[PDB]
Amino acid sequence: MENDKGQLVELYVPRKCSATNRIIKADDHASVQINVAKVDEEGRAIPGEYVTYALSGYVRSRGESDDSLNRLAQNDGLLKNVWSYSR
Amino acid sequence: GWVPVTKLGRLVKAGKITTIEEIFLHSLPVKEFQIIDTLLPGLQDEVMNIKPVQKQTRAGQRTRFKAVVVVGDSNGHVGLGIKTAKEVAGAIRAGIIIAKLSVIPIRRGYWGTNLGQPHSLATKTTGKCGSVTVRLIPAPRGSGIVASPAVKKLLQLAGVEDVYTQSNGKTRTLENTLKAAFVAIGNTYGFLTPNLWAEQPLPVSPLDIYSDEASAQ
Amino acid sequence: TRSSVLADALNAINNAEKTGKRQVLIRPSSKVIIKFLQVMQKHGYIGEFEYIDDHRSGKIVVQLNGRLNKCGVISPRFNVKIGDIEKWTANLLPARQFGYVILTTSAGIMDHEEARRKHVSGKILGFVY
Amino acid sequence: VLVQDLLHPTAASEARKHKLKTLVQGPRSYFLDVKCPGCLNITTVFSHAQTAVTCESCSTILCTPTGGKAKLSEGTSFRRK
Amino acid sequence: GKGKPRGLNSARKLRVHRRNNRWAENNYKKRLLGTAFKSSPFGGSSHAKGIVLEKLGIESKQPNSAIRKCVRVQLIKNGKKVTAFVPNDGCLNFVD
Amino acid sequence: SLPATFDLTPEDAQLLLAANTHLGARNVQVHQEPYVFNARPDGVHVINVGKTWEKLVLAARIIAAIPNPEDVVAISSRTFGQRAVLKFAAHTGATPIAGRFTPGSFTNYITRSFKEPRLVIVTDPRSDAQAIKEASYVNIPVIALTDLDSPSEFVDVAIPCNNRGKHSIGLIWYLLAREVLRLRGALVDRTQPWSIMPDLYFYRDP
Amino acid sequence: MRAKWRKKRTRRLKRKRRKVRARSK
Amino acid sequence: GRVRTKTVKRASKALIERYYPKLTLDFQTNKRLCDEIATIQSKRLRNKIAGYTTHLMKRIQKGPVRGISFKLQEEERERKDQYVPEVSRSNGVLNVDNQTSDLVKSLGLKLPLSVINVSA
Amino acid sequence: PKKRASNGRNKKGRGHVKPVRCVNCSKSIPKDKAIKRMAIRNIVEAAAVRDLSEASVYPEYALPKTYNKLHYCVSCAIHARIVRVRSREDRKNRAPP
RNA sequence: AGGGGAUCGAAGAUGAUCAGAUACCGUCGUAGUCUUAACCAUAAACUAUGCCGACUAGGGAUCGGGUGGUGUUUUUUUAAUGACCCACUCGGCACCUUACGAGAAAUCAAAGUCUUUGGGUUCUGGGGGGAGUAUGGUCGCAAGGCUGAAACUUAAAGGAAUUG
Ligand SMILES: [Mg+2]
Ligand SMILES: [Mg+2]
Ligand SMILES: [Mg+2]
Ligand SMILES: [Mg+2]
Ligand SMILES: [Mg+2]
Ligand SMILES: [Mg+2]
Ligand SMILES: [Mg+2]
Ligand SMILES: [Mg+2]
Ligand SMILES: [Mg+2]
Ligand SMILES: [Mg+2]
Ligand SMILES: [Mg+2]
Ligand SMILES: [Mg+2]
Ligand SMILES: [Mg+2]
Ligand SMILES: [Mg+2]
Ligand SMILES: [Mg+2]
Ligand SMILES: [Mg+2]
Ligand SMILES: [Mg+2]
Ligand SMILES: [Zn+2]
Ligand SMILES: [Zn+2]
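Chains as they are written, first to last, in PDB author numbering: chain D1, 1 to 87; chain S2, 34 to 250; chain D2, 2 to 130; chain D7, 2 to 82; chain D3, 2 to 97; chain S0, 2 to 207; chain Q1, 1 to 25; chain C7, 2 to 89, 95 to 126; chain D6, 2 to 98.
Since the hints were made in silico from the structure, they are not lab data. Everything hinted at is true.
Listed next, the in silico DSSO-like pairs over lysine-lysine satisfying Cα-Cα at most 30 Å (straight line):
no.	chain 1	residue 1	chain 2	residue 2
1	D3	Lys5	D2	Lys82
2	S2	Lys157	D3	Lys3
3	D6	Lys13	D6	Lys93
4	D2	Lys60	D7	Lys22
5	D1	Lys38	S2	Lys49
6	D3	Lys3	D2	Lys71
7	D3	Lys5	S2	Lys161
8	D2	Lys71	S2	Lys212
9	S2	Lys157	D2	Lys36
10	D6	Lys3	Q1	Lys4
Please work from the sequences and hints to get the whole structure.
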């Protein structure tokens with residue numbers, strides 16, 4: 001949200017649901033940021049190094065948190081089967 | 034002497050978090066006003082309206098006092114605090130603290146040109162509370178805050194310079210109207226204008242970065 | 002009975018968004034619906050869509066992201082006179098800087114900005130933000 | 002739910018639906034060739050009858066009508082197409 | 002949509018309908034009936050001049066207790082007879 | 002990102018069907034479950050325990066991922082799950098909560114039950130329901146042991162089980178602890194059947 | 001008074017002015 | 002009715018909480034404890050208190066009592082932990103259902119096989 | 002305002018049931034609103050069962066109770082029988098006991 | 001206007017009750033209550049919630065139709081039947097839980113998809129009383145129905161929820 005001559009004005013560009021891409025606004029104290037850890041050669045969870053996803057309170061409210069998580073992780077590479085794009 | 038409980042309160046005094054915009058980014062629930070005190074010391078209060086309520090009891094009436102306060106700077110951070118005690122100062126005391134805690138941010142924008150420093154709003158925005166719908170409308174420069182004395186003093190502390198307002202319902206009952214104009218500017222950062230269509234990486238939680246530098250004893 | 006077929010399509014899209022979904026099957030489609038779905042797509046508010054072909058009036062699957070708040074229809078297609086367009090967008094668009102009133106002119110279904118750039122006018126269809 | 006494929010839905014859930022709410026509507030009735038080995042040839046019959054269909058030469062029977070699919074008559078065979 | 006026809010030719014219905022319901026407005030009905038000119042002591046006019054018949058002593062309403070000092074006046078242009086208040090301490094001494 | 006031998010193994014499939022972790026809920030069957038696999042007749046539904054395994058992985062794959070392993074929290078008022086959580090807690094970082102939850106533990110600092118975690122693991126969102134609620138007042142992610150009829154509201158990552166009783170919850174809770182250690186931690190290579198007996202976890206008697 | 005007995009009160013009342021008016025038809 | 006008020010039970014709770022070693026099934030020394038170890042303004046209240054922190058103590062020795070946890074319990078429970086040696095690989099082969107086996111087949115590999123039907 | 006979804010009692014898809022008469026006070030009441038109980042009780046009673054069989058023929062006989070269905074009228078139902086008055090919630094509870 | 005007139009029973013008469021008791025409770029019992037031919041057109045005629053169309057969310061029962069089955073029970077010689085059972089699917093009368101959402105609230109799968117205000121269409125309301133009164137028209141044997149004002153008065157009447 002720039003300005004006259006470039007210059008980043010207006011603070012705080014918020015987060016965003018990885019499920020719905022709605023804004024995750026401040027008082028949404030019902031949303032969640034899930035850090036899934038990056039692993040290496042034979043177990044070993046590499047501390048501080050995650051694949052992450054953010055899910056709006058609305059989405060978890062509607063129960064769609066566990067299905068939409070599946071889809072995200074799976075098609076990002078950390079599940080295979082579990083989920084099905086069709087029904 | 035502070036002494037903070039809560040991970041978040043500790044990380045604040047520990048000067049590991051410099052601004053609330055952080056807190057908002059990750060939506061970190063506040064619980065300790067001193068957080069928003071050290072994070073936001075330009076805060077000036079304003080007790081907007083005080084009115085008596087009363088309750089009957091199996092041995093005596095009880096008229097305690099409701100008090101409604103608005104705190105903020107005038108640089109995009111407001112707070113709407115409402116508390117009833119049996120003393121006015123008491124009710125004014127707790128009210129200010131509740132108003133500290135409630136501090137949400139404001140998105141502000143340009144009526145319609147790219148110029149120097151936001152003065153109006155990003156979009157049209159509604160807040161409703163009880164029966165009162167306050168509606169905030171972007172307005173050209175020097176328009177002013179077109180609003181009743183109450184809402185105006187809330188929108189000023191909010192930092193807004195030029196906005197149009199319109200109201201509906203039983204506006205006279207102040208308690209709901211401010212709680213409506215609150216939601217009204219509390220809604221400006223839930224609105225997806227195209228400029229926010231840009232995808233950010235998704236930042237790491239200050240809770241995890243200074244993980245140890247929080248934690249209990 | 003079924004009145005504005007554009008109405009139902011627009012509405013269904015909005016509720017799919019509101020429920021936080023990513024698709025809508027719409028029915029029964031029409032030239033006007035595509036040309037509308039077309040103008041949204043041109044400006045980001047939905048993904049790609051697809052004409053399915055029952056041998057009837059059609060179905061459309063719309064894929065949408067979440068950039069969209071609302072897409073309504075203006076139920077009587079009022080006439081608009083090159084000047085009144087100012088007054089329309091002003092009434093139903095959140096800010097002067099973005100968002101579109103889409104309408105119908107002699108030179109095609111086009112949003113109000115292409116409408117202003119080509120300097121034609123006509124009737125009013127709906128809107129997008 | 003929330004995200005799925007409306008375009009290419011599973012054969013089974015499509016299968017169980019109403020014939021009007023399939024992706025593109027079609028019938029779910031069929032035709033058959035029916036015999037009653039007194040004769041050598043085979044009448045073509047619609048799975049739903051209304052008319053109690055009589056065979057080519059002999060006033061025999063074949064099927065009776067019902068609420069839906071016809072009840073075929075006693076000693077008979079049938080292929081489907 | 003509830004009630005109001007939204008159609009593009011329904012103007013005539015839409016106007017007429019309004020016409021009808023304006024009558025539920027107390028000022029619009031008053032204006033068009035000419036209640037002003039018909040009923041009502043003054044002609045429709047802002048003031049009017051009459052002659053004093055008797056000095057009265059109207060007792061106030063609750064929860065007030067008073068005697069309120071007024072004059073029966075017969076409007077000159079009208080003959081219509083009317084009772085009027087004589088304000089401020091005394092003044093009933095001014096009239097006759 | 003798929004490991005290599007973190008496939009569901011023979012010994013594990015064996016492990017599960019003795020606990021009967023594939024035996025999912027009856028008629029009852031929440032919409033939000035494709036974790037199914039063909040209806041066993043006479044009112045029982047079978048659970049694709051491959052996915053169960055695959056979910057368990059993510060569970061661990063995120064449990065271990067939390068900078069301090071002790072602000073990861075296990076919950077269970079279900080008596081069947083109390084003996085396990087304490088045991089899950091024991092081995093891993095993890096503070097536990099067995100018995101009564103006690104409300105106002107996530108909101109409200111002023112309580113002595115006050116915790117403040119970065120993640121939650123819960124064995125029955127029906128019974129633990131309180132906790133699932135309270136977490137959602139305050140931006141906490143939730144892991145859950147779920148049957149086919151369990152509420153999916155406000156739990157991310159299901160683990161499809163059988164809270165009908167017996168050994169499953171124990172089994173699942175064991176495998177949880179098992180894999181978090183086989184992650185970053187104090188464990189070891191391949192098969193590695195692991196010293197610790199699964200019956201360690203399990204409600205006792207009488 | 002009970003709503004319905006007021007309805008009856010005036011019903012009569014109308015029937016009497018009905019009577020009285022007829023006297024001079 | 003000799004039901005002890007909160008303050009008596011309140012204080013007993015706290016005393017067991019943080020001075021369990023020292024104290025006993027003996028009021029008479031529990032008493033003398035309270036003097037040195039707690040400030041009270043009346044003899045009667047101290048006795049009324051000590052007698053109950055006694056009783057509370059007298060039935061901790063046989064089962065815990067809700068409200069009082071000197072954490073010595075929570076870790077006594079930790080080394081009181083173990084059982085098993087027989088598990089649940096005998097005898098023979100994991101009996102499955104018709105589809106439980108199809109479940110095996112459809113995703114995995116080797117397992118001992120044992121099928122059963124079932125009825126309405 | 003309204004203080005029951007069943008309104009009076011049990012009537013959805015009709016418009017007119019038909020009236021029965023109160024067993025206690027003969028007040029008419031729509032059968033679907035009626036409030037009913039089966040008065041199944043023995044012909045004899047408590048103590049009489051011994052002195053019955055004792056001075057009777059046949060081995061123990063048989064014994065055949067009485068059965069009659071009782072219709073009460075709310076006011077009558079409330080003044081004695083099934084009613085009490087329940088809290089704003091317990092009200093909703095249709096389960097018998 | 002005929003018939004019918006068992007029953008219960010506006011009116012009336014009574015016995016008690018009451019300070020009174022034209023009532024409540026008891027008795028007598030006219031009209032009525034039923035029926036034909038004709039009128040009348042009103043009910044809290046109520047879901048106090050217009051109709052047509054779309055969309056938005058879960059669950060178990062049930063009513064009618066249908067489809068699927070090496071289902072149960074019926075024995076005979078297997079079936080054929082019928083009744084039952086289990087899964088689905090239309091269209092019904094409803095209940096449950098949630099509530100994204102709506103409301104002043106109680107509550108509401110509509111009373112939702114509304115200041116981010118437009119699918120189509122019908123009707124009615126615009127403070128309270130005056131008053132459904134006056135008046136004219138009109139329908140009716142009547143009783144009455146439909147249509148239906150004003151002067152004047154008045155600062156509240158009203159709704160839902162709370163504490164007493
Ligand atoms: Mg004031
Ligand atoms: Mg009127
Ligand atoms: Mg006079
Ligand atoms: Mg003149
Ligand atoms: Mg005469
Ligand atoms: Mg009432
Ligand atoms: Mg009726
Ligand atoms: Mg008779
Ligand atoms: Mg009498
Ligand atoms: Mg008498
Ligand atoms: Mg009398
Ligand atoms: Mg009427
Ligand atoms: Mg009713
Ligand atoms: Mg349903
Ligand atoms: Mg069948
Ligand atoms: Mg007054
Ligand atoms: Mg009330
Ligand atoms: Zn033949
Ligand atoms: Zn009765």
